[PDB]
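Kindly generate the complete structure, drawing on both the sequences and the hints.
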Amino acid sequence: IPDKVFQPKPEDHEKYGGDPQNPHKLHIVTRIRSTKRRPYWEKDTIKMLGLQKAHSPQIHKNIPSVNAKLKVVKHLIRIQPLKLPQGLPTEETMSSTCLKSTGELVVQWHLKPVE
Amino acid sequence: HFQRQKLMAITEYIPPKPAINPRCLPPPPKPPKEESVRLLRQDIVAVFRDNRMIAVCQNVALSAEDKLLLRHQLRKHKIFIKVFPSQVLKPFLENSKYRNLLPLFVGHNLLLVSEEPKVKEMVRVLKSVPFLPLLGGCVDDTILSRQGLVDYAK
Amino acid sequence: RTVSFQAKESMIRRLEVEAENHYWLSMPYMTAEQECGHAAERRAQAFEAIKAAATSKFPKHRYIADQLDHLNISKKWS
Amino acid sequence: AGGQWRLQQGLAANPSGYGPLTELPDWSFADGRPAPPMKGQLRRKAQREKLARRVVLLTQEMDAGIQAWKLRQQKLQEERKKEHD
RNA sequence: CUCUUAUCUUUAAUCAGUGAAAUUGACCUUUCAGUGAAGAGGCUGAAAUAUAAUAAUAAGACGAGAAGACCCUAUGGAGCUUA
RNA sequence: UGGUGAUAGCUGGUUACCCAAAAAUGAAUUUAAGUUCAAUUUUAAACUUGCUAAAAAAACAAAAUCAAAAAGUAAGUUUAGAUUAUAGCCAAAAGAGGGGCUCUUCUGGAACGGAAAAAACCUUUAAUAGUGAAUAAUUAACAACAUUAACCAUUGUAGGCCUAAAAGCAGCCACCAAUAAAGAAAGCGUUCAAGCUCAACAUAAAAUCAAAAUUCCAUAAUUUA
RNA sequence: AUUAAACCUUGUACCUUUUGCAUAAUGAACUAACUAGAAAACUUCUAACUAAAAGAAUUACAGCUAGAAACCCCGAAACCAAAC
Ligand code: FES
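From first to last, the protein sequence lines are chains Z, I, o and j. Throughout, PDB author numbering is defined as the position within the first sequence, counted from one, plus 40. Numbering-wise, the second sequence is residues 41 to 76, 79 to 150, 155 to 200 according to PDB author numbering. Throughout, PDB author numbering is defined as the position within the third sequence, counted from one, plus 24. Throughout, PDB author numbering is defined as the position within the fourth sequence, counted from one, plus 21.
Think of the hints as simulated: they come from the structure by calculation, not from any bench. Don't take each hint at face value.
Chain j regions said to be covered by chain Z (calculated; three or more residues, Cβ under 8 Å) [stated by the list, open to error]:
| id | region |
| --- | --- |
| 1 | 31 to 37 |
| 2 | 57 to 63 |
| 3 | 67 to 78 |
Sample of chain j residues facing chain o (criterion: CB under 8 Å; computed from the structure) [stated by the list, open to error]:
| id | residue |
| --- | --- |
| 4 | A51 |
| 5 | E82 |
| 6 | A85 |
| 7 | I87 |
| 8 | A89 |
| 9 | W90 |
Idealized CB from N, CA, C, for every residue including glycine.
Here it is as structure tokens:
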């Protein structure tokens, strides 16, 4: 696949609201399709990535090796950048973590409606 | 396959829509006029300038050969049958000595162009064809009626 | 077989989602040089545990209690 | 139905997803004694805790992955500037 | 035969007595169009439809069938005979 | 009658349950309904990297083969014993014969959902109870306009050519004039021509393709976001 | 399923065999009984004793001794002997 697909444009940055600097570190990937009737290489890549169950959240690093693997299965996954508004959780708050659909992982769950 | 057909439909070209159709457009500007026709201006300009008084009479369904014969007949009267296509006649006033003689030269009509006030010769031309109607004579390039032409001619 | 209106829209939406995936793959946080060897130590440790588990097969022991306990089958009211 | 609207508000698309309705206990004793934690809730809680520990570990490894690059550059930088005698 | 008709007998039908055979997955056993392997009472889509009975005919489904009929081959077999 | 339960690589049949693992490649064979060899699988033992991926790079011509480090991940190599299997089917690609077919090579498939019924196409990770919830594929779909409309047709000259004759108009020519406008003629007519119009001039007004033979076969329906 | 036997809804008989498909093709009136996998040379496993084992004949540089563990049915056209 040509790199031009993954070479962003100024309009793309505005559309996705992503700054070219300070790239995001962690990827969120979920399988949205079946590997049945797909070639063996596609099947193997999904198994390696661990996305056996569909709609299952997975934590992955935004590193070239992971990026290369994700590109192979790009059409079968949804990529969302992980956000840490409150930062990384501590040992005390490790049990209070919760990942929202917005892509933000809160380190404290207060059981209060956002409303 | 059906699946490939789905791809083609989505990729179908989408044409943009103009705001206003050409017929229903707001009034746009137009190019400046150009005089193509220019030759005919010189011919009519010379004959009218040469001949002060012009007798305008509607042309009956005359034959081309007769006009040459009538042209020679006027030469005896010291008048000339010089005529040209009339679709260039109307712009004559636009580019000529006068601009106000357009109403006189309405339709297709025989023009008797004479530079001298030989009333009898002009009257004789009228006598040649009674059925043919004489609109009038612009004696001294002044608009006048056929009856007025005779009155002023007197 | 003409394509239904719903079918065309659904594919377009999925195509857009895949486009979003492309953008988030366009900003690699770590360069190739940084990645090299960063996690080699952890990988080696995991492999060592794997080898130990694989080579743990062996026959089972035999105990006197098994034979002796069988005699309890004859227990009855006094 | 309605998943798209729920996502816009930031809530779970499926009402049965992450929410107080599902997470909170469904009953309590009349005497007021707290009800035991739900087995499903505990099982779900364990997975989230495991993921959180993984997330922290990855970032720690990631911090070294980039920080070490700076320590290898310092070694390269100092190596270039060398002298003796 | 044109050109069939009439009568009698047998059969036939009714009563009473006696009483088989081939056959049989189970059947609460319909029509049209489709689908399919030439192909549908049982599938797809339409349509029709009180229950149970009773009496008649053999054209088609290129009807169902057999080791029936005809011709020829084999660098097939096997058997037989030799000069 | 006995040998005789003759023989039959052939036909048919061959009676309880549960868990696990489990594929019609290469070589030879009176061989293709079987069997042996390689390869797989498999048990035990020895001990450590394997699979995917993989830059520069040569090799070729000017994305696979090869495989540094990684990274994602957990199996792999060797020794010993041992069989079973060894006929596909259809879809879709790449070739090669034909020129629909005939083959060779690569890929995928075996719903309880959908395409009408539908082994082979699409959505689909296993299977459990519930009068829950969010979604996937998903039989339908909304004629072509961007020069051509009114009027008139005079004169040289039947111009030269075998043409009897061919005059714009059988052939054949070159290719001018007057006039305001006449084609040395554009289609017609033609014993030949007279003769019908088109172009002439005057007077009109315009402006890039679509949505065979039994009996029809859901019913219908253009606008409340 | 249902208040309700039938109505409404869902569902292309069975065995074998063909391709892992039958709207093919075989076989079945039904009831009862009868009616088809059988061997230890070597191995693994269970034990005895051990440079020895076995109650004579066997093997042995850990072997040797004992035990346990296995391979169907019905059906031709025929051939030959002796009688009738
Ligand atoms: S609306 Fe028709 S020309 Fe303007």
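Status of the hints after comparison with the structure:
Residues of the region 31 to 37 of chain j with a Cβ under 8 Å from some Cβ of chain Z number 4, which satisfies the need for three, so the listed coverage holds. Requiring three or more residues with a Cβ within less than 8 Å of a Cβ of chain Z, the coverage given for the region 57 to 63 of chain j is violated, as only 0 such residues are present. Taking a C-beta to C-beta cut-off of 8 Å, the region 67 to 78 of chain j contributes 8 residues in contact with chain Z, enough for the three needed, and the coverage statement holds. Because the beta carbon of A51 (chain j) sits about 46 Å from the nearest beta carbon in chain o, more than 8 Å, this interface hint is broken.
Taken as an interface hint, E82 (chain j) checks out: its beta carbon lies about 6 Å from the nearest beta carbon of chain o, inside 8 Å. This hint holds: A85 (chain j) has a C-beta 7 Å from the nearest C-beta of chain o, less than the 8 Å allowed. For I87 (chain j), the suggested interface contact is upheld, since its CB lies about 6 Å from the closest CB of chain o, less than 8 Å. For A89 (chain j), the shortest C-beta to C-beta distance to chain o is roughly 7 Å, which falls under 8 Å, so the interface hint holds.
Contact between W90 (chain j) and chain o, as hinted, is supported at the beta carbon level, the nearest pair being about 4 Å apart and thus within 8 Å.
Checked against the numbered hints given earlier, the structure breaks hints 2, 4 and satisfies all the rest.
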